[PDB]
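Asker: What follows is each chain in one-letter form.
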Amino acid sequence: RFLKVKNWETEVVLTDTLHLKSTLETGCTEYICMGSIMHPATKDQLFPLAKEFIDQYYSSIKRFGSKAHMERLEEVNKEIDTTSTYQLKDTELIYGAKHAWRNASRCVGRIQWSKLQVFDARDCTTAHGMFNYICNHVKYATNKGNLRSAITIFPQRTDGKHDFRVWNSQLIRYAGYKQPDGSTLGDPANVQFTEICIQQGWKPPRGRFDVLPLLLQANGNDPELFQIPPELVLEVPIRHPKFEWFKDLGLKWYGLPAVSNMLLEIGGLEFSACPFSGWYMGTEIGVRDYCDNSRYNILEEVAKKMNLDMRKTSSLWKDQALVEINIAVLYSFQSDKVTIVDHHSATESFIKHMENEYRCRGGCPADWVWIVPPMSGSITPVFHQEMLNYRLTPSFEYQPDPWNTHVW
Amino acid sequence: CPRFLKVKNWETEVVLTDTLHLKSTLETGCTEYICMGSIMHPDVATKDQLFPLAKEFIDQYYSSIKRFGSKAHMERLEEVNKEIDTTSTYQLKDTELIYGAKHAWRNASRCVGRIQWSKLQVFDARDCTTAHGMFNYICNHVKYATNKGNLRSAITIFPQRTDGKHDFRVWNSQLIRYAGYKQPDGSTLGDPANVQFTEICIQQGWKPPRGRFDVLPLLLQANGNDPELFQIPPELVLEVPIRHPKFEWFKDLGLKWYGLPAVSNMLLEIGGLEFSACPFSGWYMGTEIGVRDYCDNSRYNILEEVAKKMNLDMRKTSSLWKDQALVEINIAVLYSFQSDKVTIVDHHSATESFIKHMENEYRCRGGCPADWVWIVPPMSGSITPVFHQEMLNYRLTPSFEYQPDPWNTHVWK
Ligand code: HEM
Ligand code: HEM
Ligand SMILES: CN(C)c1ccc(CCNCc2ccc3ccc(N)nc3c2)cc1
Ligand SMILES: CN(C)c1ccc(CCNCc2ccc3ccc(N)nc3c2)cc1
Ligand SMILES: C[C@H](O)[C@H](O)[C@H]1CNc2nc(N)[nH]c(=O)c2N1
Ligand SMILES: C[C@H](O)[C@H](O)[C@H]1CNc2nc(N)[nH]c(=O)c2N1
Ligand SMILES: [Zn+2]
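These protein sequence lines map, in sequence, to chains B and A.
Note that the first sequence covers residues 304 to 343, 354 to 721 in the deposited numbering.
Note that the second sequence covers residues 302 to 343, 352 to 722 in the deposited numbering.
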């Protein structure tokens, strides 16, 4: 059946047919919703996935059933038949990557989906090569502050024994350190990976914002350590437009958000290493990285300098300190000519994107739990937007951290 | 289905295991290939249909009270059965009904205040026959629940649906709400939410004051007759003028709200029986008023005005002038209710208490259905503990259900 979604502030109702195209399971059943749960090949398996992907490729370019289509199908079959896998054409790789982004139910920045610089790194064979490709990515994507969306794609998985993996969760992330007293210096989310790096020979400065090094694994081999040239790492000192004491807090963050731990699945093929990068929505930094209890956890300190009444929770002193911090972040990146979107602008763009997608594509999978920003929820349009969620392919999936499987 | 489902809290790392979901009764709207978790909403029963529903419930009751398989249990089954054979329905004892109402609350996956579920004063109004009697019962509800501002949760239960042609209904969505009036210029006065019901009221003969906070009259249907209008005694309606602990100008906004949230349009389903008029009340979470009632664009929509008075730069959105005003408004709401000693809970306290509730439910009950989309407060989500808490959502019965608005279905006499 067709399904309607309503926006309760504007009363707009879109009709969803696209959901009928999916085959992967969301996790829910008719009796149990898991919408707030974070995580709910052979030749025989490989061809239909290949065939479905090529079919939608040639359908997207309005040449379905054509000679090129037929031959390509024959070509891919004849290759899986004799190699137990197949290689994507350059065209398919780019279409595939942009469509994985287009299909990411959790991404509020999808209005940018078709503007994506794809770097083919399928000829890479070593970690040194990986470091080269990654360094080129960062310099390109950063672009002196005028960030650009990029993705660098390393060889697809073969037997599982020879995966390319980027061990860092993001190409640029700060170190975290378990102190003697049991506290954490720096970013607590990275304490494990920070220790693995040190175990491998990395000499840590042991400060609050130390850039982690790259840990790259090629062809299933032991991973290797590489320092990103500091000139390639754009960072922003966080200050406040009215509060001149905010710089005293000693806050900074990096400009490039570049996720490196995911798995890009195309046409039945698995790219275990596909670090991609966009730009920030301020709350990522302002709300989550800085204020989460398990993260930098600065709320109390900020509210102290704000001299707020902190005895009872009903002074909303946390809510006060929160808005001010996120103002600082947006003010800093802007003042430094580094690309950054606030959550009002971002969510609006997403609504506008949704309407585009419904009109041209008959739907748009969207994960309300993730789309709604972690602050000021209902004063953004997305809060009032009914969304449907389903899994379309190609896509970005999660994968085991490498240090749980890899044998040295 | 899997018999053991795990949920994690990513802030504390606590994992809980859910087994209660196995006793799920109705469809959620979701399937294996699609999730409807952000969808707001995704002629009677018969003899053969009612037996399993009643027995299911009765078994559950005698289970709670540790008398399962007893003489009293088996006799109650025999009595309910015979009643359904001979009258096509059955009547709940006063104990079964109270249990039932408390558990519909306990089962409410969308409700962040369920830690209070066991403290619910239940008024049995099954002897009601007229609209005037409904109004009597409803006035008594309000006075007791209000309690001079030290509010107490309560429910009044009217006779159950029988053949569908004699339903009791409260046409109000809440017993206390403000009128909305559509002007010929397109602008609305009062509360945009209640414009349709306000119009219905004027049709039925209400002479509206036509102001910004005018308490709606009650529209009451008993036994399937046409509804009748009654004015709630003003002395029974506790209100709070909204002011700010720091901004003197905030009182000049002329803002007030009522103390008692009193939802009156849900259906209460217990053991296959349908109580189409079951007004219930609790007390407010601050955000309901400060964020939703006040700042929603389709509602009172005061953000711009509050921002103007805060002298905020409102050209660009990245100044966060909206977020700045929203917090202040919510501080004022909380500050006012507390100053007038009217019970109210901030979103930090409530979400925090619900986590404790949820954990205890997993412990003593094997689970606790919850709607993350609804539980997480509409402001500062990630800085409350429920944002980080994985929840499973599913429908247990007894339950509060939605039902069509009565003017859509009522055959006028
Ligand atoms: C261009 C500007 C972009 C913006 C403003 C943006 C915004 C966001 C935000 C705010 C999230 C929430 C993630 C979190 O809270 O941890 C997200 C998630 C996500 N984004 Fe985008 N993004 C952008 C670019 C991209 C690109 C270039 C890709 C891939 C090619 C992408 C794919 C994804 C995926 C797969 C997720 C899911 C995250 C997860 O599963 O953990 N985004 N995005
Ligand atoms: C005692 C204090 C209570 C608090 C703080 C509380 C809190 C809340 C809040 C904040 C909501 C969201 C409402 C909305 O966003 O529109 C809600 C929903 C709900 N509550 Fe509670 N609640 C309380 C009492 C009760 C009681 C006494 C009952 C019934 C006996 C109840 C049953 C429900 C139900 C069925 C919903 C779903 C609302 C809907 O579907 O529209 N609650 N609660
Ligand atoms: C494994 N777990 C629990 C877990 C998995 C993913 C996350 C979120 C990681 N994704 C962050 C992320 C991913 C892609 C992005 C794209 C653009 C952007 N501005 N931020 C972005 C941020 C958190 C926890
Ligand atoms: C028909 N639609 C679109 C619609 C349905 C329900 C809602 C939410 C109404 N729920 C209100 C409600 C219900 C129970 C409550 C219990 C306690 C409390 N403080 N507020 C409470 C508030 C909004 C729109
Ligand atoms: C339990 C819940 O699913 C988890 O906390 C989610 C909630 N929504 C989120 N939304 C975004 N954008 N990012 C997140 O990490 C999360 N975390
Ligand atoms: C579209 C979305 O499902 C809708 O706006 C919901 C979201 N969560 C909510 N949560 C609460 N508590 N109350 C609401 O009215 C809503 N509205
Ligand atoms: Zn679901």
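If you're looking for bench data, these hints aren't it; they were derived computationally from the structure.
For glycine and all other residues, C-beta sits at the position ideal for the given N, C-alpha and C.
A few of these clues could be false.
[To be verified] Okay, derived cross-link-like pairs now, EDC-like style, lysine to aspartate or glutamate, Cα gap no bigger than 16 angstroms in a straight line:
hint : chain 1 : residue 1 : chain 2 : residue 2
1    : A       : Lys665    : A       : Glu333
2    : B       : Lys618    : B       : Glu661
3    : A       : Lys565    : A       : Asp602
4    : A       : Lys631    : B       : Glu661
5    : B       : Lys364    : B       : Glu405
6    : B       : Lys324    : B       : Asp357
7    : B       : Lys631    : A       : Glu661
8    : A       : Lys618    : A       : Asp602
9    : A       : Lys625    : B       : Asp368
10   : B       : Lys356    : B       : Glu392
11   : B       : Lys625    : A       : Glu661
12   : A       : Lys324    : B       : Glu333
13   : B       : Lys411    : B       : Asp433
14   : B       : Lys555    : A       : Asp622
15   : B       : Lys324    : A       : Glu333
16   : A       : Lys631    : A       : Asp649
17   : A       : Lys555    : B       : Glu405
18   : B       : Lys391    : B       : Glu333
[Said to hold, decoys possible] Non-contacting residues of chain A with respect to chain B, defined by C-beta distances greater than 12 angstroms in every case (computed):
hint : residue
19   : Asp319
20   : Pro526
21   : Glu614
22   : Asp655
23   : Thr693
Asker: Each hint: holds or not?
Answerer: Hints, verified against the model:
1. With a C-alpha separation of about 31 angstroms, the suggested pair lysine 665(A) and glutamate 333(A) falls outside the 16 angstroms cut-off, and the hint is violated.
2. Proximity of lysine 618(B) to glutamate 661(B) is assessed by CA-CA distance (about 33 angstroms); at most 16 angstroms being required, the pair is judged violated.
3. For the hint linking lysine 565(A) to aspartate 602(A), the alpha-carbon distance of about 11 angstroms falls within 16 angstroms, and the restraint holds.
4. As the CA atoms of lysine 631(A) and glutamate 661(B) are separated by approximately 14 angstroms, the hinted pair is consistent with the 16 angstroms bound.
5. Annotation: proposed proximity of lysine 364(B) to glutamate 405(B) holds, straight-line Cα distance about 12 angstroms (limit 16 angstroms).
6. Between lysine 324(B) and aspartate 357(B) the alpha-carbon distance is near 21 angstroms, which puts this suggested pair outside the 16 angstroms criterion.
7. A threshold of 16 angstroms between alpha carbons decides the hint, and for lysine 631(B) with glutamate 661(A) the separation of about 14 angstroms falls inside it, so the pair holds.
8. The hinted pair formed by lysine 618(A) and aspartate 602(A) fails the criterion: a straight-line CA distance of about 19 angstroms is larger than 16 angstroms.
9. With a CA separation close to 45 angstroms, the supplied pair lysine 625(A) and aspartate 368(B) exceeds the 16 angstroms bound.
10. With a C-alpha separation of about 10 angstroms, the suggested pair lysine 356(B) and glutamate 392(B) falls inside the 16 angstroms cut-off, and the hint holds.
11. For the suggested pair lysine 625(B) and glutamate 661(A), the alpha carbons sit about 14 angstroms apart, so the restraint of at most 16 angstroms is met.
12. With a C-alpha separation of about 13 angstroms, the suggested pairing of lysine 324(A) with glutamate 333(B) holds against the 16 angstroms cut-off.
13. At roughly 13 angstroms between alpha-carbon atoms, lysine 411(B) and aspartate 433(B) fall within 16 angstroms of each other, so this suggested pair holds.
14. Proposed proximity of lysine 555(B) and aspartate 622(A) is supported: the alpha carbons are some 12 angstroms apart, at most 16 angstroms.
15. For the given pair, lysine 324(B) sits about 13 angstroms from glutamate 333(A) by alpha-carbon distance, which is consistent with the 16 angstroms threshold.
16. With a C-alpha separation of about 27 angstroms, the suggested pair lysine 631(A) and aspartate 649(A) falls outside the 16 angstroms cut-off, and the hint is violated.
17. Straight-line distance between C-alpha atoms of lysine 555(A) and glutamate 405(B) comes to about 61 angstroms, which puts the hinted pair past the 16 angstroms bound.
18. About 41 angstroms separates the Cα atoms of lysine 391(B) and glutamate 333(B), which puts this hinted pair outside 16 angstroms; it is violated.
19. Consistency note on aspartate 319(A): stated as away from chain B, yet its beta-carbon is not over 12 angstroms from all of that chain's, at 9 angstroms minimum.
20. Once the 12 angstroms rule is applied to beta carbons, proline 526(A) is consistent with being away from chain B; the minimum gap is 27 angstroms.
21. Once the 12 angstroms rule is applied to beta carbons, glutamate 614(A) is consistent with being away from chain B; the minimum gap is 14 angstroms.
22. A Cβ of chain B approaches the Cβ of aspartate 655(A) within 12 angstroms, the least distance being about 4 angstroms, so the stated non-interface status is violated.
23. Listed as a non-interface residue, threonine 693(A) fails to keep its Cβ farther than 12 angstroms from every Cβ of chain B; the least gap is roughly 9 angstroms.
When held up to the earlier numbered hints, the structure conflicts with 1, 2, 6, 8, 9, 16, 17, 18, 19, 22, 23 and fits the remainder.
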